[PDB]
Every structure is written in structure tokens, then in C-alpha cells.
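Encoded as C-alpha cells, the following chain is the form deposited in one PDB entry, with no partner shown.
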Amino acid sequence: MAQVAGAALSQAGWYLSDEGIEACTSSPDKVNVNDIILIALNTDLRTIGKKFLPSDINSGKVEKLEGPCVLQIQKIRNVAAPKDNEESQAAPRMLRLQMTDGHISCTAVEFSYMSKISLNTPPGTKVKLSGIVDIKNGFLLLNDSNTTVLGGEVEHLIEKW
């Protein structure tokens, strides 16, 4: 049985796709949600996960997003500094997160200074969004009050030198 697991994941904000992940970890007495999030945290949300975000986040039609949901970070860029030197003290730091649910890509913008997220964050970590978040011109508006980093590594290397 996995009804309790499904209810727990829905309440917690993880939106795993199907029973494929359930059959992935079929160890005896290993049907616990509290440690079933543990493996999914490192597992690729691109590979595993369902489609419940809207179809047209980037179209600009939508205004507000509700519910706590977990999403995966893909690329990090400091839009306040030139590409030649990523670090620059001439402008306050400002990040353009690229976020995904597994199928649909979205763009989020940092307003207030965040200590949990920086340039050196792993290109595959997960962030959980709580409460109602604002969408302006198709872009998410993230603040310190509605972000929770959850960590995790998806074996993506640095690929830079």
C-alpha cells in the first residue's frame, strides 16, 4: 500500500511521478516517506516527477502561484555583473534562477539578499517554495520568506576550468 505515502508527499510538497520510484526502493520495511524523500533528493527530478505546474508560466497570463512545491535548479547567473568577471562589488548581487519540475522550465528572480543560495550552489539542488508567490511578466519573484533549500547532489560535475 502507498496511499499514506501519496498523501504524505502531496502534503509535504514533493510531487513524485508514479510507483516507479516506489518500486525503485522495495527494501523490506522501507515504505517510510520521511526517508523516501531522502533518495529522491539526490535523484534527478528531470528523470522522476509529475507535471502539475501550469502550461504557460512564461506567457505572462498567470499572476500568482499557490501551494508549496519542490523544484530543481539548473543554471545560476549573476545578472548584475558582466560575464567576463562573475564577481563584482560594483553592484549588489542579483540572481536569475532557472527552475524546473522535470518537464517545464521557469525563471525566478531574487530581490532580497539570500544567504542560502549563491553562485557556488550545486547545479542540481532542490528548493521548496511555500505560500503564495508572485509572477511578474512571466518571472517568479522569490524572497527570503518563501524559500527553503533542501540540498542534494545529482552527480553533475563542474565542467569548468
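Rigid core (definition): largest C-alpha set, two forms, superposition within 1.5 Å. Positions refer to the first chain, counted from 1. Shifts are known only where both forms have a C-alpha. Compared with the form deposited in another entry:
No residue in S17, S10, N146, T25 other than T25 shows a CA shift of 2 angstroms or more between the two forms after fitting the rigid core. Once both forms are overlaid on their core, the residue ranges between the two forms with Cα shifts reaching 2 Å in three or more consecutive positions are 19 to 30, 157 to 161.
Can you return the structure of this protein in the form deposited in another entry rather than the form deposited in one PDB entry?
The text that comes after this line covers the one chain and nothing more.
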């Protein structure tokens, strides 16, 4: 059922629009949540996702983020290194990730070391944020135990730069 599929996506962690799931379905003969997720993962989020991230998260006020959800990375920059020398090893590696759900954009900082995310991460990949995530001064604090990479294959304009 459509309600069953939507609920399944709900506990899975994907918050997608009704028109998004209507557009992303293969054929309404026998639909499977697994194939829906697999085919949606390879597309852009701005056209299929919904609005679940609360407003004002860019600024303060809000303190904690609840729910696993799914976010899309737009850009990654190594904060602890200058722009000219991005391969310098004079500092511990800190990453600032610009994340989106299609409507509101947030910013996250690598509090601890994570190996599953690198500087050459293909833009457009999807991340799950299971657990309770700390919000400090409008910044999402990311740890290795509360971030999971779901992969991503969306057309890359990064190669141009």
C-alpha cells in the first residue's frame, strides 16, 4: 500500500514528498520500498525531498536535533588548511559540510575524526544522522557514531573545478 510504503520510508529515515515518491516510482504494478530507495539515492534531493528540518537552525535558539533523517552534501571544505594549500599536513583535519534537505541549508563541523568522509567526497552523497545530534551556535556537531554514509551517484559538476 502507499501508506505502508510511506511508513516504511519513515522508519528507514527518508523524508520525501508525496509528489517525490509519485515521480520516483518505477511502475504501480508491484512497488518495493527497497527499489524505491535504491533508485532515489542516485537522484538529486532538491526535487524529491520534503521539508522536515526546522527553521532557524542556521542561527541559534535550537539546541538538539532528533531523528535520523537523510541529508545531501553540497560542498566540503577543509577548514584547518588554507585555500592555496589544501594538502598541508600541519594541522589536524577539520571538515565543514554544507548540508541540505531541499529547502533549508545547514552547516556541520567534524568534531571528532571520521574516516567515512574524505575531502574528495563526491558531492550529492546522502548521510543519515541517527541518534541525538548536538547543535552549537547553529552548527551541527558530527561524530563517527552518529553519521552514516548511504553513498551517492548523481551527475558531477565537481570535475569541472
